[PDB]
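There is one chain below, alone, in structure tokens, taken in the form deposited without the ligand.
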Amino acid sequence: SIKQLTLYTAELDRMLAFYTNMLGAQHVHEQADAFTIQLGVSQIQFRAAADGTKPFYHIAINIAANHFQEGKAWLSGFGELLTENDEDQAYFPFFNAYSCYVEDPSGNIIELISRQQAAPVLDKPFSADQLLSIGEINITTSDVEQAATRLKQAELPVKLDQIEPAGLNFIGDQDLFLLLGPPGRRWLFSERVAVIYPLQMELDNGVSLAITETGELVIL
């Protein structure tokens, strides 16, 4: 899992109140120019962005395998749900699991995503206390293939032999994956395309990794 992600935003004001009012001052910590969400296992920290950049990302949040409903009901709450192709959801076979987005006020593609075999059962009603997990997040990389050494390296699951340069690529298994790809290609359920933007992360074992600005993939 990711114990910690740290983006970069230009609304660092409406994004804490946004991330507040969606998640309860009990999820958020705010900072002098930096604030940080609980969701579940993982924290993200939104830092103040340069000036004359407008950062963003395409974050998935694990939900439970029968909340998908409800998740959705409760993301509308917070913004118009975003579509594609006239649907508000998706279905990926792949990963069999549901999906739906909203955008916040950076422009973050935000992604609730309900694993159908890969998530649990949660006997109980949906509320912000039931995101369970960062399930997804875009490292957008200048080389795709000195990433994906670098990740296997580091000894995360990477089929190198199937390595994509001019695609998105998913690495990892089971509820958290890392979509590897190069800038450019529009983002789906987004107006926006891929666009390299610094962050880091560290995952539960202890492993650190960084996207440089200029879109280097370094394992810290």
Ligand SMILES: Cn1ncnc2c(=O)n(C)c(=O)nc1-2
Given for the second form:
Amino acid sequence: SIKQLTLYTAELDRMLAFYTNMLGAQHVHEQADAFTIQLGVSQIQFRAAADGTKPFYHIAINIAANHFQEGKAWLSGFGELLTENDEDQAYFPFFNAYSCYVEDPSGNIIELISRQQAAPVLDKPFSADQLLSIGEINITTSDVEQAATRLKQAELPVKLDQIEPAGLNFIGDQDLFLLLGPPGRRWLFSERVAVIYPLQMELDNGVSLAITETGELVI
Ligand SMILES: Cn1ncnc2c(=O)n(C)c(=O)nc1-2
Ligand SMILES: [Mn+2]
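Previous: the form deposited without the ligand; requested now: the form deposited with the ligand bound:
After this comes the whole thing, all chains and molecules, with the earlier chain placed first.
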């Protein structure tokens, strides 16, 4: 799983307010020119973006198998649900998962994903305290093949011969997938096309990786 994720934002103030209101003060901590949010076992640190840039990403958050309708209702309280092909949710047969989406103040595409067999059934009400972990993050890179290769050299599940340098590649299994692909591809549920922005990531198993501002995945 993702222990720590570092992202950039050109809307630090609005983002801090947005997440404080969504998650509650007990999951959101203001720092110096940054703030953190805790999503179950995953933390995201949002740092101030460079001037002249407007970084955004696609982040999916795992929720329990039985929590989708409550999750969707909850998410809708924080912004208009995004739609694709006139639908305000998706079923993804490959993940056997239900998803819903909202845009945050930076234009991040924030998804709740409820994996129907790859997430637990929690017999309790859903709430902001029931977000389990980060289930997806985009790895938008200037070199998909290089990125896929290094991710394998990092001991992640990768089938190199299946990698599509011009398309989106699902890297992972169980409840975490890295969405590896090139810039230019429009994100489902969004008007925004994928753009390379820097980030850093620490997995629970100690592996550390980063995407530079020009799109190079490094370990
Ligand atoms: C292909 N695909 N499968 C599953 N989920 C997505 C998704 O959330 N987004 C945002 C996307 O652009 N493409 C997807
Ligand atoms: Mn997604």
